[PDB]
Structures are given as C-alpha cells and as structure tokens.
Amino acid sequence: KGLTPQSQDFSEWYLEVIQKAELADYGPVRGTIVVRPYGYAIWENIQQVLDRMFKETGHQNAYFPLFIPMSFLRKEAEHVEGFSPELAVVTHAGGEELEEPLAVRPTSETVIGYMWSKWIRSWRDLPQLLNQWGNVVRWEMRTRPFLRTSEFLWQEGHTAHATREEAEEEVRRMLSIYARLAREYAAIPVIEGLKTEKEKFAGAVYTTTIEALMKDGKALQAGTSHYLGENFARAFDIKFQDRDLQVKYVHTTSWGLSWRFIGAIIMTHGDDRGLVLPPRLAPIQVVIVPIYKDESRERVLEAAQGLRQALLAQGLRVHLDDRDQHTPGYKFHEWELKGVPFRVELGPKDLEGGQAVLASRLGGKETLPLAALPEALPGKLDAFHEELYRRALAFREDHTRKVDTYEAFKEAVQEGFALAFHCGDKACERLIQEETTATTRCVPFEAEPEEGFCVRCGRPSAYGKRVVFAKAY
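Stick to the form deposited with the RNA bound and return the structure of that chain only.
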C-alpha cells in the first residue's frame, strides 16, 4: 500500500490522507463530510484557543436561529445577491407548506441584525460583542473536504459599535487573532491583507483576510474579518440614542473562521508519509509504542503505563498504543500517518538501561533516560513547532516573487505567489483570472509602498503597492 505522493497528485494525496488518518469520511448527502473523532479533536483545540482569545477581548457567545426568513436575506441587496445562489431552503415543515420559505443560514448577519434592532436603544447597549459557534449551509458547486463543504462548522463573530473607528479597530483586532492562531498555534505563515472590491464579502464595506500558501503552491484564505459599516444597521433599522441625544446608526463588523482551517493545517505541513500536526493543536502529542515479545510484554507494558502517567503529569497529550494485534513496525507507520509529533519507543533493551527512544515525525531518533523524558518533551515540542514554522516560511519565500512583465506573472502563479501591480479595475481582474485562473489574494498591509503600471493592461497602478496574486482554493 502507500499514499499518493504530493508531487504526483496533490488533490489525491489530500483526499487519501484525510481518509487514512481518519480525520473525516464522506457523508451520504452531496458535498458533506463526517468528522471522525481524531479530526474533530483538532477542531475542538481550535475552538479552545479562539474561544479564549475571543473572551479575553470581551466577546460573549450566544446562539441565534438556524432558519432565516427568506425576506430577511432580501433586506440587504449585495448580501442576498451573493448568497441567493447557494441557499438550501425549507419549504415543507410539520406536514404543511410554509407561509414563507425558510433559508438554512449561510451566514447570520441578517438574523442578528433583526435582534439587534430590538436590543440596541441607547449607547449603553454598545458595543455589542457577540460570537457564535455553530454550523452553516452553503450549497456550493465543486467541494473539497474541509476547504469547501455543503455544511460546515465555524465560528461567526458579530459586533455592533457606536463609531466607525471602534468598528474598524475591531475588524483588525480579530484578523490579528486569526493570524495569531495560524502562526503561534498552527505554525502556518499567513499574509494579513485587504481583499479587493471584486473579492470582498457580499454586504461588506471592505474585507480583511489571512492568506496561506499550501505545499502545492495554491493560496488559501483561512479567515476573514469584515467592516460592514452601516449596511445592516440601515437594512434592519439598528439605531441608538448617543450621549449627544442624537439618534444614529451603529457600525457592525463580522468575522469567521471555519473548519477549513483544518485543511490549511493539512496542506501546509503534510508530507508524503502523511499528516504532520502542529504540537499546539494536535490531539495526540506523544504516542507511546510499546515493543515486546511474549515474555517481555508484561514488564514492558507496565513501564509504558508508568511513562504514560509521568507524561500526563507534565500536562502533555499522550496516547499509549496497547493494541496487541499489530507490530511496532505497523504502529510506527500509523502514527506517522496520523501526524503525531513524537513517538516514544519502549522496548525491553530500553527498559533494561532505564532509557527509551524518541522519534520525531520531522525526522530522527534519539535515546534518553526514562526519567528525563517527561521534563524534556515540552521543550522539544516547542522546537518542533519552531521548526515547522521556519520550514513553512522558507517554503513561502521560495515561492513568492515580484513580477513586472505579464509573462513573468504567468510563470509565478504556477509556482505560488505573484507580487504584481494592478489597475484596481474589476474588469481587468476578471480578465487576468479568465486567462491565468489566478486571482487577487489581498493587498497586504505591511507591503512596501510602490507605484507602477498594471501588470496586464498597463494603466497606472492602484493600491499604492503590489497586490498578491495566486491560484487559490
């Protein structure tokens, strides 16, 4: 057996590793997946980190309805125009046909708007810092596990502010949280930037995003944060009486990160041997594979369990593979496939000298005393993270490139990122895409100030800096 190497067919590698590592499986209904324990464990860790971050910045969780009245989706022009196509609709319910058909939420701005309309009255009711962990449906054509599924789990944040300034700071504060999650926890390097009009969220004034580069050279948006201005406030009549006794509109923001983030993790660190899970988000950090023969079994398994206690004490996430129906050889492969950062080999020769072998998913084995191991793993885990990150950063720089000639652009968007100048015209954008399939990823905040001429039509450059292009997922 094996696993299709990434160089042969990335897409297949992806689908297979997801299946073999038991992250998910295809669900009966079109475009859906079933998240099995190991995969969902990853999602829970992402929830915990984000939830903590969201709570430290004063947000509170709440839960709004799954069904949204079709009329609501219409109160906002741009919004309904961008989602109308991918909606799932409930028409029949309880035996009878519904008065007004209900839409399965694709996003919750509208329903929350409606409620905000009745909750916000004075300036004492602001800011409104809400978050919701849940599922959403979007009947999209062409789907991929995690990256794009009919139904998907995510977190959708919604805030309402008295001033445009406070709302914009919120929009950034969250995109920074998402970026912190990607860098400090997933070891995924990202580019914090701004989407161009053509690519922004339907109903938003502007959209900020984090863009990651997958090992196959394709870009992937892993999280978005939108400044909605007064679009929904106006659509749903969300006003309040400020301290100057003046009745004005609130400024709302929206932000979300779906389980697509799991896909980003897979396609950023995964290799031909399978998954490589970042330590800080991995369900199992250390897997202990006991090694023995009939006569060694008893004492070896006893040592292993002792080591399992010493490791749990250090607060590490450890798993002991007691399965007797498989050989060490076999187990080694399974756990490498599953992407566990460290495996500890405990054999009788090892137990003999009070030591053990520590194998790292990144490569290499080493012997250490059993007593040391507990206090040493945490630090090694951090180095593991540091390594994964510098490797990904390296991979990114090796695939980022400034282009001045359109012929150089075509070459660069085959390898990865293409830093080009653009006129800032939706018409040109569409053209470049129809021709190269590459799209606008974002206008990076930290990008160097530059002026030039559109890489394709020649007209004076826009944005005051090169834009990031790439073939994306």
Given for the second form:
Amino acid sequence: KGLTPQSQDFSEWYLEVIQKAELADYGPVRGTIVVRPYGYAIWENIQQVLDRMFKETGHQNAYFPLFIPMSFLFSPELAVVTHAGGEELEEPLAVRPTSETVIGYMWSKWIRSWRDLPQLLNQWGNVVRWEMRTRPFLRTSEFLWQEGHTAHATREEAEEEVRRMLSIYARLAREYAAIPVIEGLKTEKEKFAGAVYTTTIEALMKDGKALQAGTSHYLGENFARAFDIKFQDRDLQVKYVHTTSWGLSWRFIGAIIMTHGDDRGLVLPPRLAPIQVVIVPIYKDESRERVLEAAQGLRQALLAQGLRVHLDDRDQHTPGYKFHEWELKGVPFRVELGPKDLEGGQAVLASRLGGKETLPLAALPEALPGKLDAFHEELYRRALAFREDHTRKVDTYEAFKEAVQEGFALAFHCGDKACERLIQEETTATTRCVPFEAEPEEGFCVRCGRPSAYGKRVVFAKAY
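Target state, the form solved without the RNA; input state, the form deposited with the RNA bound:
No partner chains or extra molecules come along with it, only the chain itself.
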C-alpha cells in the first residue's frame, strides 16, 4: 500500500514514512520506539556536526548518572525505580529527565573561584519525561538528545553563550538541514519557568505547523542560588555564577522529515544524509565482473572526494526493490550503473528531487560535490518559498484566524499572558517567538486591541 499523500492526511503520512523508510518501529512497551539503523545514522550525523561545533567553542562532554536522587527532585514526568537488588528501595530513584540537579550539586563543589570558570559542559544521551501521546521523534517518554550547561563569572559572558549556542543550532538547521528557522525570544508565557528568558529557533513544517527546533536559556543566578553555586571573584568578593542551558533532541529528525519529505517518502539534506550517493549495480552473470568492478572503482573515487557513498551490491534484493527503497529513504543521488551504459563508460545519475541524466563515470567524482551543494541549495530555496507563501501579516483577529490555519501569523500583541492564553484557547495557536531581528513596528494587539508590546510583530502559529 503506497504512502498516504500529505494532502490527504499529513499525520498518517508522517507515521507511514517513518515506518516505510525504516527509521523507527514500535517497541513492545507502549509509548516506546525502536530507532532503526538508518534512522540512527541520521542522529549520528547530527551529533557529529554539533559535537564539532560545541568542541570548537570550548565545551566538553561528560557523563552524569541515569539515576537521580528522588530527594533532589510524585511528578507525572518522572519514571521512578522502586525496586532493585531484590528489594524495595528505602530511597526510590528517578530516571533522569535532565542532569541539571546533579550538575548543580557537582558544580557546587567543583566551583570555588573565578579560576574555575567558565564551566562549559555538554552531555549526549537518553532522558525520560513520561508522555501519554506517543509519536515517533516528536513525543516519546524516552528520547536521545544533547543538553549543555555552562557557568560564568559574569552576566555578559553567559548571555553571549546563550546566543552562541542558539546560533549553532540555527546553523545546524540552515547550513546542514536546509531548514529555515526564526531566532527569537519566547514570551513570558512560553518560556521555561526557571529561566530569566528562553531563546529559540522556530521552523515551519510542510503542514503549516510550527516546530521548536532548538532552545537556549539564560538562567541568570536562579540555578546558582538554588544549588548554592558560588565563587570567589578576583576582587575577593563571593558571588553566584551565571548559568545557561541548551538542548536539541532527535525531534530534529522529525523536523527534517516534515520539512523536506514528500509523497514519495523522505528527502534528506545532503549534509546530514547518512548516504549522499547510492550506487546500484545492474548486471547479469556475464556482466557481473565488469559492472561490480566499475561500481567499486566509482565507490573509491567518490570516497576519495570525501563523499558518503554506499554501494548496494546486496544479493538479497532486486534493483527495483533497491531504487524504491533508496527513494523512500531520501538518498540525494542514485547512480544506476548497467552493462550497456558501462560500455560507453557512462551511468545514470538520478536526483531524489527529480530528473536523471547519463554521464561519464570519470566526470562523476568531480561533479557530485557541486551537485550535492546545489541539491542542498534547492532544498533551502524551496523551504524558504513555502515559508514565505505561508507567512502573513495580520491586523485583525479575523485575518489572524485565517493565517494560523495556513502557517505563520505575524501579529501585534499586548504582552499580557492572559490575553495570550485566550488566543490559544480560541484558536489553539501559540506565540512561537518574538524575533531578535524584524521590521520595527508599533500597533495594537490583534486580540484585545491594547497598545502593542515588543516593538514588533510576534510570530504566532499552531505548533507541534
């Protein structure tokens, strides 16, 4: 049964492609998924890219415990261990929803003077925050992610870190996933309760809904006061540190799926694709030797170019099967190398985006790199256009209701939480972010008509 078209039922389309492209599958325990190889490889590329960016910026990876003192934290989001070692634990243990509490404790003892700062920490791994609504890569009790935490001697240095990390996520989205995003502040209502403020990158999925792709919080001294994290400054005065926190999960994979995916399956951005180019040799007993030899030569030639190429010479499947599979899995480029074309020293180069062409094998190594970039460029261009066509300035609550039905709605807002929640209660739409950079404007709240706040229009939308 072919893939349900996006125009017919996006939600179902989403669930089916994750299944058909073999990204994930449902685990025995309700609410849990099994991330398959192909899907995991996408997460690995995302991790490698972020890790380099984190490292170049001084952060270091560490590993805080999976089990957290219940005393240090009953709460619906927690999965609690009550039995272990063949007995009831006098002290039940919570599975970490995040490592912040343990981090705060360790920082309390590790940080003593300005010499101990900054503290630039990151951790890759799983966390658990119980969820009733199951949905692959979007909402699951357990998921993988990366959460960073930093401590600084001054406020300035911390706020700079906050933006530094958000820009890293924005770069990941733009330069690597070709996903357009808006950088800005969450409103008081939408921010993390414990942060002075929360910055975010908001993306628009092909179904017109918004998805938060990354977050970076400025915690001020809130976290430091809570865990008694202080240091002796150069002026001998004892002060609390200024901290930040930022995370990005495999929800990003969902963002990639719903941003570039089409009715034929996945379309992965070249710079995060586990396989940028797949070679599918076609032959018969007679032409086996010649074809595979040429297929392998091309494989090496592409590897030498630093490209992630895969030679699918599997005997357990037919060419028709392979082509269909690699299409579903969104491989940017496919190379059909058959006996006939091979005589002419050529092969067929197909683009997941559409179109094919016969070219000489020798020219392929030198051309693919530029083509991959072009492929990336096209994905971004198309995504930008979609966003443009699905973003609308609104001055009336009537036009607002129409706008949040198709995508982004740029509207004035009074800045009142109550007015903001009312809009959500009536339209289900939420404020996604007050962008850092946008046309400066002054007006009146799209809902209550009172003077507009923020000095610009706020981005609203129905969100994931």
